[PDB]
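Given next, in structure tokens, is a single chain: the form deposited without the ligand.
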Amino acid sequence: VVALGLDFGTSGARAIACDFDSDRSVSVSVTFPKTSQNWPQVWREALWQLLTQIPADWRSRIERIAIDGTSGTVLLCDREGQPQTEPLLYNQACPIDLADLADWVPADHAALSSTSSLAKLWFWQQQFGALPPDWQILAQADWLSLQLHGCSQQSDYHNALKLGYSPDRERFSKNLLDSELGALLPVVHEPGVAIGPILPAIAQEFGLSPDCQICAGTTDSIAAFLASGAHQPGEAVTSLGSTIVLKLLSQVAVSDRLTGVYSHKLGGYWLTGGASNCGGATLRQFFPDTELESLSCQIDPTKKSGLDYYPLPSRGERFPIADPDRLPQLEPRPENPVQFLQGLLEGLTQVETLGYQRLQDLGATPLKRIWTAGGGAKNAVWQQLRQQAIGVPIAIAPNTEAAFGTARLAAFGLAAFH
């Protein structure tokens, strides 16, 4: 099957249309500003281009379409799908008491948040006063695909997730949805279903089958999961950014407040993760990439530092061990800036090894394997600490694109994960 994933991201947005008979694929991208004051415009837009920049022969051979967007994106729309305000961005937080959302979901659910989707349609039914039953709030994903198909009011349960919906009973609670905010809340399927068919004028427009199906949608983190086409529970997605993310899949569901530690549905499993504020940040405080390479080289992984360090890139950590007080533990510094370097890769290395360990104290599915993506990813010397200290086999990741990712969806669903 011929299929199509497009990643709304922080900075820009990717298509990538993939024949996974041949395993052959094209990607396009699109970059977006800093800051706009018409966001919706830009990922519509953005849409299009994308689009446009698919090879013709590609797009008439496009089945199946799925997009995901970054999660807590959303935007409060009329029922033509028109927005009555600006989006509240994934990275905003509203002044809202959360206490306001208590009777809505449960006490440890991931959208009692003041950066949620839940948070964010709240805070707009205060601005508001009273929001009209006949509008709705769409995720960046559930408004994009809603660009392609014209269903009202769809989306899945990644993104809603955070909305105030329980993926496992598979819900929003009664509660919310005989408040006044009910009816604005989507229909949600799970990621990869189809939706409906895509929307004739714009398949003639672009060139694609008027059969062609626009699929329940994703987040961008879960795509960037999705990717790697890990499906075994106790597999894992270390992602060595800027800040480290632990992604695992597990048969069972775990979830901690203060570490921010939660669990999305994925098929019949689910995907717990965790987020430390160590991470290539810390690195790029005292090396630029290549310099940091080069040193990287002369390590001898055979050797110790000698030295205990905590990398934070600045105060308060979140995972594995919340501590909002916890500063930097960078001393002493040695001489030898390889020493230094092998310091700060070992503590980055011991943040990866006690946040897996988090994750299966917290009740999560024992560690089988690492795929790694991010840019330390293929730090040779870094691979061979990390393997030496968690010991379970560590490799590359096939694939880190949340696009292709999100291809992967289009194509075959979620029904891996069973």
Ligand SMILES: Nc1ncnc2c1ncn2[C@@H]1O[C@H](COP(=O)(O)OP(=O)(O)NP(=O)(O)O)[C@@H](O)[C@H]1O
Second form
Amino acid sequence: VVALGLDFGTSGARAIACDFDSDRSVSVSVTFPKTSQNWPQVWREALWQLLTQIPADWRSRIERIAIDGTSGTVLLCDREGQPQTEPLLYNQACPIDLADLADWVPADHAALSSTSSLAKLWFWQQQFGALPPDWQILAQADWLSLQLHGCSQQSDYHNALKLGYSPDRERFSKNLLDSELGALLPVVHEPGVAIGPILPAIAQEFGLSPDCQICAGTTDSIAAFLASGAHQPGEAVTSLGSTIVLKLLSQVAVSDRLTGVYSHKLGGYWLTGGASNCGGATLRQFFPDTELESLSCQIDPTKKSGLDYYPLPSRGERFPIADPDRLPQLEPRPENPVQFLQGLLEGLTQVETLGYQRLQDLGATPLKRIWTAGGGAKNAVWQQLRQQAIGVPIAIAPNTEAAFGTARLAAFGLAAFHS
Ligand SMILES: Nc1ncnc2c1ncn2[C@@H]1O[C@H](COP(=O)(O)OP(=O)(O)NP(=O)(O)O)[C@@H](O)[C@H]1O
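Requested next: the structure of the form solved in complex with the ligand (the form deposited without the ligand having been shown above).
Let's see the whole complex now, leading with the same chain.
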């Protein structure tokens, strides 16, 4: 099958069209502006740009399309999907009383945060006073796929989670549904399932098959996990970027209030994980990348540095163990920078080790292996430290592009995530 994955991320958008029987693909990109007074227009026009940059040869063969977008980026729209106010982005928080939400979701639900879609919907309820029942709240992914299939009030259970959806019982609460916010809530499908065929006009315009299907979308983080291809419980993806982000495939849902850990449903499985404040930014505080390569190649990982660092960039850890007063420990400082770097790397290694072990201690399926992404993935000394301390096979993820994970989502859905 020839499938299209569309990735709308934090700084840009990428389209990856894949023929999965000949292992062939084309990838195009668009970079977002630094500022805009009409972000919906930016996104939509980026969509048309991406479609346009895909060769006519491919567009005619594409049978399924899916879209991932940033989590917590929502739009308030009329019944035709026309934005009625500025979007609230993923990074923006809302000044409200999370106790106003407790009667709508279970205790410690992931939607109980000032940056969640539900908090933003409530914020809009307060700001507008009363929201017209024919209106709708749509995640970025939702709104963009709506541009293709014309079916309003449609979302997926990845995006809908922080809007107050409960993927364990697969529903919004009756309280929330019967509230004044209920009428703006979307119908929630599984990521990957066909919502409807592409619009006739859109198909004509862009030389797409009028029989092409638009699927339910997902978030860019989950899409990144999908890029790896991991589908057995116990498999994980570690992102060694500016911050270390762990994602672990589990047979069981796990969560933790104080560390903010939660789980998304993923087929018959669950994707859990957590994000540390430690990461590559700490490394950046002492070495540029070139120095990281040159010095890391001088490290022998089979000899302990003697150093026991907690490589926070600044004060306060969020995961594996919450502690808003945790200070960076980088003492004592050896005079050899090779040894200092080794100490830092051992520290970050301990962060990943503790993180995964903690996820398991909360009930998650025991770790089977690690696929690695992000800036530190290529560092084989760091990788060695990690395999020593964790004790599972570790490799570089076969693919890490969110658009590719989304193309896989379009082509195969979540079928692989079942026993
Ligand atoms: N050889 C290396 N070994 C270890 N860390 C490295 C190396 N090269 C770069 N880094 C770190 O990689 C970090 C950048 O990670 P990168 O993933 O590319 O960016 P990002 O901001 O995290 N965006 P994302 O890819 O979504 O996580 C920087 O802080 C670098 O210090």
